[PDB]
Amino acid sequence: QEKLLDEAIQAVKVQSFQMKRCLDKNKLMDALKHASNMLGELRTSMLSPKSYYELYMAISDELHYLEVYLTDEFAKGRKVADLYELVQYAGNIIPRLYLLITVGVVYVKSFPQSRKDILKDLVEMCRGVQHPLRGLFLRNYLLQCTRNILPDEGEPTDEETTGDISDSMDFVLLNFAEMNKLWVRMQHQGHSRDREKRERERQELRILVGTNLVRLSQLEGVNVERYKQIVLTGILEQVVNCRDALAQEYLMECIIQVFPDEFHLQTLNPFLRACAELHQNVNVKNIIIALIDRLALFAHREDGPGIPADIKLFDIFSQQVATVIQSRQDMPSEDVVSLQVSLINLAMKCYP
Amino acid sequence: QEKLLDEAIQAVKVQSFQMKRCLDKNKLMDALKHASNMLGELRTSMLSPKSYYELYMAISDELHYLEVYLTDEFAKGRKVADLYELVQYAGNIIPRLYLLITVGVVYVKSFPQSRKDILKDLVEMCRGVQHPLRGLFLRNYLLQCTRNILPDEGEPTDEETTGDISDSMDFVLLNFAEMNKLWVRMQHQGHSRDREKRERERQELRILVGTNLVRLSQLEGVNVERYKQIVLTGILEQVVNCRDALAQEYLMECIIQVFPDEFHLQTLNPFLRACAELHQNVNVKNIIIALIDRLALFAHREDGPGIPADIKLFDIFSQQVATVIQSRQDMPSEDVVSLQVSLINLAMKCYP
Amino acid sequence: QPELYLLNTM
Amino acid sequence: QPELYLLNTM
Amino acid sequence: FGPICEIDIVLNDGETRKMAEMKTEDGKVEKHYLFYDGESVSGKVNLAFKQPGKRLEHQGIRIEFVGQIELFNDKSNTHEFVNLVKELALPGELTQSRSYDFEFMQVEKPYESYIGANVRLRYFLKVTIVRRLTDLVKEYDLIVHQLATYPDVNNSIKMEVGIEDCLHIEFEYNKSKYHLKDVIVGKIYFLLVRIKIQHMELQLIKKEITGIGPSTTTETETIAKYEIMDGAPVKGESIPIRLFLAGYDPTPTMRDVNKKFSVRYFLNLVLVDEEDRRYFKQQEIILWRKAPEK
Amino acid sequence: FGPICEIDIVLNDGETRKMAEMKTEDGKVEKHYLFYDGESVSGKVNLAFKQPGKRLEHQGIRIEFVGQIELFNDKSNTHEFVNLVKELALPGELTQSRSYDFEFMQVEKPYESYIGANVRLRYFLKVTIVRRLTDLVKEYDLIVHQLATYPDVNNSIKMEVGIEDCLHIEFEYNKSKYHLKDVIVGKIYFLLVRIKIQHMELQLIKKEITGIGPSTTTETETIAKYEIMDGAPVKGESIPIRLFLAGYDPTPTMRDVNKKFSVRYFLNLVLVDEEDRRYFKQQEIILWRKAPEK
Amino acid sequence: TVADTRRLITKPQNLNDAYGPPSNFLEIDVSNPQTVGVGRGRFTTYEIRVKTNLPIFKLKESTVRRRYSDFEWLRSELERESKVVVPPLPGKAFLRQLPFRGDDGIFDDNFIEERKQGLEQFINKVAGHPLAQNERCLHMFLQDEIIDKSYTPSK
Amino acid sequence: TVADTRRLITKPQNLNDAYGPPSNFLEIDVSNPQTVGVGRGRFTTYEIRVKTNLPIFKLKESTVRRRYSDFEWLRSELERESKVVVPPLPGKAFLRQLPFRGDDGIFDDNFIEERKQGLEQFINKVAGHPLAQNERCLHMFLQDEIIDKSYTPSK
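One line per chain: the protein sequences are C, A, N, H, J, F, L and G, in this order.
Here the authors' numbering = 1-based position in the first sequence + 11.
Here the authors' numbering = 1-based position in the second sequence + 11.
Here the authors' numbering = 1-based position in the third sequence + 550.
Here the authors' numbering = 1-based position in the fourth sequence + 550.
Here the authors' numbering = 1-based position in the fifth sequence + 7.
Here the authors' numbering = 1-based position in the sixth sequence + 7.
Here the authors' numbering = 1-based position in the seventh sequence + 3.
Here the authors' numbering = 1-based position in the eighth sequence + 3.
For the record, the hints were derived by calculation from the structure and aren't laboratory data.
Even for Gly, the Cβ is constructed at its ideal location relative to N, Cα and C.
Hints may contain errors.
[Said to hold, decoys possible] Derived pair list, reagent style DSSO-like, types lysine-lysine, alpha-carbon separation capped at 27 Å:
{"no.": "1", "chain 1": "F", "residue 1": "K133", "chain 2": "F", "residue 2": "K266"}
{"no.": "2", "chain 1": "A", "residue 1": "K44", "chain 2": "J", "residue 2": "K82"}
{"no.": "3", "chain 1": "F", "residue 1": "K288", "chain 2": "G", "residue 2": "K128"}
{"no.": "4", "chain 1": "F", "residue 1": "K203", "chain 2": "G", "residue 2": "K54"}
{"no.": "5", "chain 1": "F", "residue 1": "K301", "chain 2": "C", "residue 2": "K90"}
{"no.": "6", "chain 1": "C", "residue 1": "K24", "chain 2": "C", "residue 2": "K14"}
{"no.": "7", "chain 1": "F", "residue 1": "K188", "chain 2": "F", "residue 2": "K25"}
{"no.": "8", "chain 1": "A", "residue 1": "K61", "chain 2": "A", "residue 2": "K90"}
{"no.": "9", "chain 1": "A", "residue 1": "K131", "chain 2": "J", "residue 2": "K165"}
{"no.": "10", "chain 1": "C", "residue 1": "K239", "chain 2": "C", "residue 2": "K296"}
{"no.": "11", "chain 1": "G", "residue 1": "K14", "chain 2": "F", "residue 2": "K184"}
{"no.": "12", "chain 1": "A", "residue 1": "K61", "chain 2": "A", "residue 2": "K87"}
{"no.": "13", "chain 1": "A", "residue 1": "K192", "chain 2": "L", "residue 2": "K95"}
{"no.": "14", "chain 1": "J", "residue 1": "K242", "chain 2": "A", "residue 2": "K131"}
{"no.": "15", "chain 1": "J", "residue 1": "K82", "chain 2": "F", "residue 2": "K288"}
[Said to hold, decoys possible] Here are some, though not all, of the chain F residues that point toward chain J, as calculated from beta-carbon distances under 8 Å:
{"no.": "16", "residue": "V92"}
{"no.": "17", "residue": "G220"}
{"no.": "18", "residue": "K266"}
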């Protein structure tokens, strides 16, 4: 159809225009009424995934002018209390939650002391989320809002300001587990004949999921020991527990690519034992090859200590790939040989 | 008529029957209601002073049996307060005030602390009465009640008992002035054609008047020193100022009889200057002779100091009598000689 | 029947 | 028009 | 048959509470419970059901505390100055006996109870079982006394009155305001006596004034005749007065109660001459119920 | 001409006293003074005399404090639960303007003011100049709020409900009694889900029950619809509830006011399936006006 | 304290006032009835003897002769000016004037005696009255030897 | 404290329930319309293909052939025993049976297509209903190869 989209973007530009109009003229609740009717425009859903996405990104960009307005206002001290209650009068859950995230981040900036409490509230109340499309785009808005202000270690620690790196980690892992649940739930909603359409749409949205890991990676607090003890234990718990293949594989390559080999080296046998339990329909071969390629560029990457002698990569990887092959049932022997080729290259380049 | 009298004495005997009936059954207020009924009988005007006197003596002698009855109940510990208002319930003033006197003396015996106050009260509360006959009969009840409870030299000086000789003297001087006022008003009341009836009536009540002096004479506290300074000085001002002849003469005879020569020798001459201003119409010879007789029984009286030589009594009386005769208008010469005879007998027997 | 005369202030 | 079913206690 | 139901009220403090008496017409004396301005009235309405087998259909039961002023025995001229309601039962039935609690919190009772000639003021509890054509109603009378303290200002009455060149006197009563068991202490002083006085007496007179404006009815009643002199005075004579008010049991002075009625007391001094002519001077005194310590 | 006289009431504390608002028909909002059970009402009745030269003949002026319950806008069905009178003037005239003081001591106001569909409860001062054929009357409205403290017992509501072998849930609301600016904190826990649920919402429902016995009219009004889930849950899923009651401005729960009317609130939980069929469970909650510290 | 003995304090009575004669003395005697004239002219007069000490009466003692018509004139004057309820006279007996009765008519002794008492009754009431003593007619009657009916009523 | 963040505490969701497939699967397809008979006997049947995982349905997959009268019989049985407000059928079109119309009558394609959708509309509503799933007639219709109209309605 594609018309729905232009007509919708028209009405959107209308309400967000009258919204920003009311915000410069400094009669706030009227601006929030136009903002609310505008987000009402998001209550249509027939949009293409791409189209709906543009409307989403458009509205996010207009909301940014509001966020800086609020951030300034709070920095100016002009703060109205109890905003959540007044805003909960909006009859639908959607205005309430858009308002809660928006005001939450403003309070966190203005009240870093409130950061722990506000985050714990938001993380707990998001369990209400059950619909895939709006939930996905909301938790994306969450992920972008949470871009920088989350607790961190080299951060001033005012005992009014509560929350640490561990809290940020728990925050992102929880929102992740909920969003991945809805996203996999996307597999079975609608008629079973939209499966290729569904899987295409999810594939489109895979970046949304990986952005959580990107967010996890800028977290300065990520030491090797936190990586060892918290991150992988959480992720592998969901992975082993989800017993799906498309998501597990995407997320695991994104991990492979993203984290530094220093962390991976301390966590190889857990990561490879986890790799061995994965689903049979998985092309583990392409994963393993990518892995071999990364450790190969890591072996001949100089400006580094080289391979620690305690690190018997070949014996480790040999035994785990072997375990993976046992875990595999229908391996093309040619695939086994394609892996043997990379096994040559590794032994050749690391220990002639 | 004398019948009025008989009907009254029968109804009286009936009512005094109702007294003794109520006194038997301890119905005091029922007896006192009948006491009121007797005094209603006193509202008559037809009876003679003597007739009233006989009926009064009947009611008084029976009322004493009531008075001693009450006194005994009170002597039994059955003391009732608040008597002053209750006795005022009687419609007739006479029952109320008779009740006040009767219970008052009862309070005096039972409450010696109140004696002074109660006596001053009763003497002052007599201002209620203004009628000569009933007032007289009241004051007779007063005189018999106070015959014994008045202060004197032979009373116990009990630190609960209150009231002194000075109170008794003030009491009697007041009762004197009050009785003479009422009594003299009796002179001019009614028609002038009853001059012989009035003077006969006056003669009848004369004993009422003299009983007060009789009361003064049993008073041990009537000593010579009070008589000299205060008592006789007081009495002589009212006596000389009544400027009558019948009263002055009667009271003066009572004087002659009543006081001791102990009093007379220290007070003859003050008393004799008083004697000199008296009213013209009076027989004074009889006064003087009574005096002469008493001083004569003193001249030939043995076991006594006799006449001190410095006070030449005969020359004194001679000179005063001379002045009195000068004061007399036309007094028969035979009378002057009858006086000369006693002056002879006296000078011979007292100053041989 | 019986005469009744009010006493006046002076 | 739209069916309304009361939820029973267990 | 009889009545189907009998209403009886029983106050919670019906044992310990003090009662008081009221003189009604033909010398009758009623005795009801005593209450004071500010006190709470509370108790039980007990319905004795008399006809077993039968049923009582009603359109509601209530209890009312009522204080009102009745004029000339005229039902149309009753005026309620206090009314409080407690609904006891909704429309329904009664097969058997039942009781109902009630409490009226800290009840205002601005006036004292009074039964006069043309006026009644009474307080009562009125229980009403409402029925289709005829309500079962039960009244339950109470006495209210209004108390007061010793007055701020209390001046003696003193007055020189007379007939010109015939009689001059000076009377004095020790107060203007006397409590109900007080005493008139006074005196009569004679300044000029050119008439022949037989006797003198003090009278206590109670006027009860009813109505509004030109509509005014005064009912006078001579409560006391009290002789104070017997015989002719001369000038300079003083006659004492001591009249105990306890003897005559009067009411307090009640002035413009609800703008409806007054009850005032007067001291009428009366001298009587030899030909029975009668010279008098009236003086209002206020009476007041003294508060006993407690 | 106009009116000969205009009645105006002015309370003694008319500057400092707090006011409150009342939602009437067609969305109108009145503002009257606020009062509390036990408070004294006092002030001045000011009569503006408008026609100079003319005179106003009356048969008495009074002021009444009135609290009453009006049902179905039927004047014959009004019921006064509080009535106090202060007579201001006796029968007479008025040539010029005049004021009159009044005070009602420590006035009982047992109920809270309420304007509903078939019920009104209001307090007011009513001044009445009585005339021969037509009384000049002036009403003067007041709001009374009834306060309460934190309740002794307050148990959470928790309940396992469903359709057999189709839907089992366990809902929990954190209290039974919520103040007017309180918050419903709760959760919905799914035990068995064999239907396809589109969405779920909590509703706040206000029932107003009028009449007596079989005479019963209930007026229902759905005050809030509050979405709490969007999409299909599976078993083991918990959905959080946080509903701020401040947003909807309700009244307190008012139970058998004068045995005449109730006003009750209910939490109606509603799930809706893919074919729009609607599964629900109602739960009464008590609302109460919290007393602010002072 | 067992008895309430309260009185107000009094002024002592001056001894002249206390004993000296009272100032309310007033006695009027109607006495000595006498015929005056012969035949059809005849009428009875009485002696009205006054004794007093009230200052208002201009003679302390007086004696005058009065007719029953004079008593009617006094009563009639007092009914007009005085505003005193005046007591009754013993009565005009008209039919006693009629001739050939079984008694001496207007000069019957049981009549004249009974009338004489009634006039004494009347005059002592009237003369004792305070408002009556002001009026000129009463003094005119008691103490002027002849009444002047053509007078202007004063006081 | 600047934000009221109160929630009740929750029980962690067991990972089998969280990921494992939902227990509300039920899809019914009405498809493949076919004539059965020749001449005056002719009527259309449809394939009623069921897929589910609800325990109440005794086959997880089933396929049966149904006539529009059968759909009326199902609706009629449900109107008696069930006390479910039953949705409407797409309608008996009687006048389509009449001869010499301007269309193929009861076997018009715009008709059969539109009817086919209405039956799918109807059966998915009815079959999704909770109170309807108990009643024996619904299972009889969906999963027995022939309906036994002479039956005693149970459950």
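When the hints from earlier in the document are held up against this structure, which numbers fail? 2, 8, 12, 13 and 15
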